[PDB]
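Omission of a single protein chain aside, the complex is shown with its protein chains in their original locations.
When the chains are written out, they are named A and B in that same order, and each has its own residue count from 1.
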Amino acid sequence: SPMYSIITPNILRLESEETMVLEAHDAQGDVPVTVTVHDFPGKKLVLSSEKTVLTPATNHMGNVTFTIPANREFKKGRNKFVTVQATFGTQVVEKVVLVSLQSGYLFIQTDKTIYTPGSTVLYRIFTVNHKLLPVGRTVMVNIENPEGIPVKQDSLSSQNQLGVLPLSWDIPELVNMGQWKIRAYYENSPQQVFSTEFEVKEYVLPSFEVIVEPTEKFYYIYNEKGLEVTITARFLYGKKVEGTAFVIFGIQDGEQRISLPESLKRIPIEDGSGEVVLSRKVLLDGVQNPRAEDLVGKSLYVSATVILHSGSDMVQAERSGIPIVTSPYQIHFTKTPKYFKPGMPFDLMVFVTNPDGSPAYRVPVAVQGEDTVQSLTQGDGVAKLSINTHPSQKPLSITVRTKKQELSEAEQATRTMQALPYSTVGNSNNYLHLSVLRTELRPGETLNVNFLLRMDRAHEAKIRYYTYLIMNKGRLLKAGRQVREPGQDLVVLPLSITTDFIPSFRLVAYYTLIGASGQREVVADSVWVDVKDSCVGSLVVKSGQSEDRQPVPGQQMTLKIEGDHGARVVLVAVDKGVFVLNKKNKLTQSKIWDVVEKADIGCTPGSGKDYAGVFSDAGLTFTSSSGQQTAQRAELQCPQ
Amino acid sequence: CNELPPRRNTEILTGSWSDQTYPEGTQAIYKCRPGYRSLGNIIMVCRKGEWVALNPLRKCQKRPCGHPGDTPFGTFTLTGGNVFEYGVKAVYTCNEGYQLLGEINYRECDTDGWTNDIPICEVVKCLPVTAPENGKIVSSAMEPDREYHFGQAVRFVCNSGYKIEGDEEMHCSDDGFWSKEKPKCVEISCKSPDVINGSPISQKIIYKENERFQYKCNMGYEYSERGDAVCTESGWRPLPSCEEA
Partner (left out) sequence: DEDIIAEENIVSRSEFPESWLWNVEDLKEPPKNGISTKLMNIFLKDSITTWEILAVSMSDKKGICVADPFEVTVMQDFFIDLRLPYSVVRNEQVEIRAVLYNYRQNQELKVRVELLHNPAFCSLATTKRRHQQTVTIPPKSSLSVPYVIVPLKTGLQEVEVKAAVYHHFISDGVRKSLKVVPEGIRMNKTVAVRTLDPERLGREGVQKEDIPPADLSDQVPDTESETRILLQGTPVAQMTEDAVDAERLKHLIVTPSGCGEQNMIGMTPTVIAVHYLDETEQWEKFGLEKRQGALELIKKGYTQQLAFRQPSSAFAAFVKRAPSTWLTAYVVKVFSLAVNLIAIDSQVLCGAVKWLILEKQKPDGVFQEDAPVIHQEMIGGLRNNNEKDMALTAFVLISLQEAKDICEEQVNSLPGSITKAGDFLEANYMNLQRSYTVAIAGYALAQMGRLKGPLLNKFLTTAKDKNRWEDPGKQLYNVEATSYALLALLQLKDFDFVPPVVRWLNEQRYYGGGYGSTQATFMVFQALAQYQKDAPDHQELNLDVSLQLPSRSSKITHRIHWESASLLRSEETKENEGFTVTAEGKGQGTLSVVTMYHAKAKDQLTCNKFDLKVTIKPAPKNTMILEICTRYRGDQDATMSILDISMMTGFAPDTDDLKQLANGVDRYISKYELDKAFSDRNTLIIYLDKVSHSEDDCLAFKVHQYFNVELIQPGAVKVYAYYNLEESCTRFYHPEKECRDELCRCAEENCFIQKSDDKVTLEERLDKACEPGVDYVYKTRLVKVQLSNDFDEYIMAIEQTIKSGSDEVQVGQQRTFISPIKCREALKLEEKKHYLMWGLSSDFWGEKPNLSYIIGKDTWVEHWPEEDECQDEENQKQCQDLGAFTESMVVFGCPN
């Protein structure tokens, strides 16, 4: 009757706290549990050993937290494994899990984006763990030239540096021009290399900046007006610029650029402004193809050259990557599960974006054949469409179209996806569905999680609870139980969202029972929930003096720094002129979360082909004493 | 008037002033003292039984000195004011892990310009480290016995048949001393393991590398996986164990 199960992340990372969920379903009294982790397959060393007791007071559920030591035993090219062994009294449940060397994250910050030969590159290396918390470890730093050849190596420790490692490199007067790289990695994990690029070039600061701004970020192929562009020219300090502009347009296919000499226009600059237009006629004439549809998929670039009336200043600016599209929008199903539960609601997470890749706000979307199923995208450009599935093994096909009023059907974005049926144990027709309200979720809000159950009446009464687990930043954040009373189709879980949930998390739930031919059955489901991106704390830089006062060269100024208490704040001041020449590779909080999201062990938005697939897709391993377990994972990265 | 033009607090006289009484309309040119600037000479004049100011608007202000200058790996603060004028001092301070070269850490804005030169900061350094006997230094930026500087870390690895004794890693600390003591490479050896709930079959206590330790388990207990241990540079792999079964 009793079934002892264990749950761990698909990948166990070194020098990081890992959690293990232990359960004893249909068990009675106190159940002693001992967990040990040995290396595979030799079992030379006992990496970890923990003990716990599963009493009825804890619903026969408890967890074990263990930190695998960075032993020199885990050393080429072959993946390492460990054996997680849990002993529930007499019963022994073991599982082989994949191991990652990745110790944490390394973020590199350079003072500037571009440098001149003979100058010094000041850069900081932030050392943190998987929880983005400051740690003291040995780091290997390599300065790599454009060729890709390292011209300098060094090994340093971040201990007593509060996670901030200040470094510097002197660029020789004689040096190869181009993109230089800064490679860094923890000593323990050489495989995981973090990089940052900085350009080396001979240059002088512009004096004034030029902004090339098209009316629309994109160009509709059937727009008679053509591409309309506004040329903005202003001195770096603010004052507007008076001069003459030289603007030319061109088409880009891949890396092949085609110039449009016919479009070259010389326009005056009045009060730091000017306008130029690329007529559709000139665009079509420039290319040798009558078919305008062919241009779709390519992009346009605008080259502008502003010269002051003094003739002492000249600046070159450009906007490239302007997509030639048939639709202002684009639909993605990347956040939508590819598996559905027949006879249960299927939730689609439509992702609408602009041609540039940015989210689209308040864009109407709906499923063909179901006008009733219309929704509006949130600030993140995501909308939820719920359709009612009928009991069948036939592949589900969904086509989503935008219903943005003011646009014609030809300009509406469209996309089609396919969902496969969730395979049930012995064709019992038992399913589990998790649904979450689609709205921008912030730390401090309460998220209601809906547990929808589907199964024959004969065994429905047996289910008295759901086991849920929360996956964040690649590790188990929380685990609990959701009680259910017989006859309840739906039960709600008031889940509190804290800073720990940033930037996103997966919620996987499951239940077990003995139905049909006395078969032990496990039904599982999972959902991916996105959380508003931001700092766990907060950091702001503002003026500390009256606004009336204007900064004068060589004058004293007061800066107001408001942030977390006891936090170490590193500062830097860069001349905007530098960004005029290069604005690539600038450190932002968003880029940090991007890296964290990449490392995620989960590979799907949710659900799976079967209960086993549900756990694995979420980045989890399930193993029971009876025999139910997830397949082995030997891949460190997610499937393409 | 019947006297000589008054000695101003920040101005000076240019004339010799040997005469006693001076005619009406006589201009007494006042030069601008060192460390002060103006559009021109603040000129006084004698009229109505007193030396009035021909140039009321014209005034001498403290001479502005340029920016004191910033030194690599160092910051500065201003003393005796908040402006780079004559009479202020710029005190310099080196960053963590950096020591001040010299003992003069200030620049005093004087009549001609800033006094001295911009203080120089140099990264603290630690004594060079040699390779331990029967061991080598896997880490380090090459160069045999080259004085390391703040931040650099060093690791030690012993040769085959040897195990390290002491800390494995160390780094150049803030005061120029290594964080840990240099380790030694001692021949691999192992003491006879104390097997809980079991007893050693062999009588030998001292074991060399790759030597195997045999043991049996007390009744009521049985082998945890393997049934013997092996001597390694890290100890007994695996460790003797007996679980109830």
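Brief remarks on what is shown
We adopt the following convention: a contact is a pair of C-beta atoms (placed from the backbone, for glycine too) under 8 Å apart; a residue touches a chain by one contact, two chains touch by 3 or more.
Considering the whole complex, the residue from A:211, A:559 or A:638 that touches the absent chain is A:559.
Set against the missing chain, the residues A:204, A:410 or A:458 yield one that touches it, A:204. Across the entire complex, the residue among A:264, A:491 or A:603 in touch with the chain not shown is A:264.
For chain B, the residues touching the absent chain in the complete assembly are 37-40, 61, 63-67, 69-70, 75, 78, 82, 84, 95, 113, 138, 142-144, 201-204, 210-212, 214, 223, 225-228.
Considering the complete assembly, chain A touches the hidden chain via residues 40-42, 76, 78-79, 81, 94, 96, 107, 109, 111-112, 116, 122, 124, 126, 128, 131-134, 145, 149-153, 162-164, 174, 202-205, 207, 236-239, 242, 244, 246, 248, 261, 264, 266, 268, 303, 305, 307, 309-314, 535-544, 550-579, 587-589, 592, 632, 634.
Operating definition for what follows: only the chains that are shown with their structure count from here on.
Chain centres here are Cα means. That of chain A falls 38 Å from that of chain B.
The touching residues of chain A, counted against chain B in their complex, run 42-46, 72, 120, 138, 153-157, 159-160, 165-168, 187, 554-556. Remark: chain B residues 66-67, 72-73, 78, 82-84, 95, 139-141, 151-155, 169, 171, 174, 179, 225-226, 234, 237-239 touch chain A in the complex.
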